[PDB]
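Chain by chain, the residues run as shown.
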Amino acid sequence: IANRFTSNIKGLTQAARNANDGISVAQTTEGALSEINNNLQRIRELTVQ
Amino acid sequence: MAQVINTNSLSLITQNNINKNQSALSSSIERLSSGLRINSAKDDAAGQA
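Protein sequences appear in the order of chains A and B. Under the UniProt record's numbering, think of the first position of the first sequence as 50, with each following residue one higher. Under the UniProt record's numbering, think of the first position of the second sequence as 1, with each following residue one higher.
Rather than coming from a laboratory, the hints here were simulated on the basis of the structure. All residues carry an ideal CB built from backbone N, CA and C; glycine is no exception. Errors might be hidden in some of the hints.
Have a look at the derived ranges for each label pair, beta carbon to beta carbon [claimed, not checked]: (1) B:2 to A:64: 29 to 39 Å; (2) A:88 to B:7: 45 to 55 Å; (3) B:11 to A:50: 18 to 28 Å; (4) A:90 to B:15: 40 to 50 Å.
For reference, chain A alone in the conformation it holds in the complex:
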């Protein structure tokens, strides 16, 4: 049972690290999306004029 618990603990810690990496990926992608959105808004204003 101690072996099983050790395996579970190590796996869960590594999984937490993987989830942190996923959060980083999402943040980078969303920043790029925000810049694209600003560009699109400016293009729309230019079209309006």
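Following the hints, position chain B against chain A.
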């Protein structure tokens, strides 16, 4: 405590609580710095849209 030295459940619980508070600390500081309630859409996306 007095029984065991290999682990410190008190330390682990304290670390978890510290991290939980730190999340809100970071959120509040970035919110104040930006001056916008909705930043990076980590929250209600209807407001962002």
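Hint-by-hint comparison with the structure:
no., hint, result
1, B:2 to A:64: 29 to 39 Å, "holds, 33 Å"
2, A:88 to B:7: 45 to 55 Å, "holds, 53 Å"
3, B:11 to A:50: 18 to 28 Å, "holds, 23 Å"
4, A:90 to B:15: 40 to 50 Å, "holds, 43 Å"
Comparing the model with each numbered hint stated earlier shows that all of them hold.
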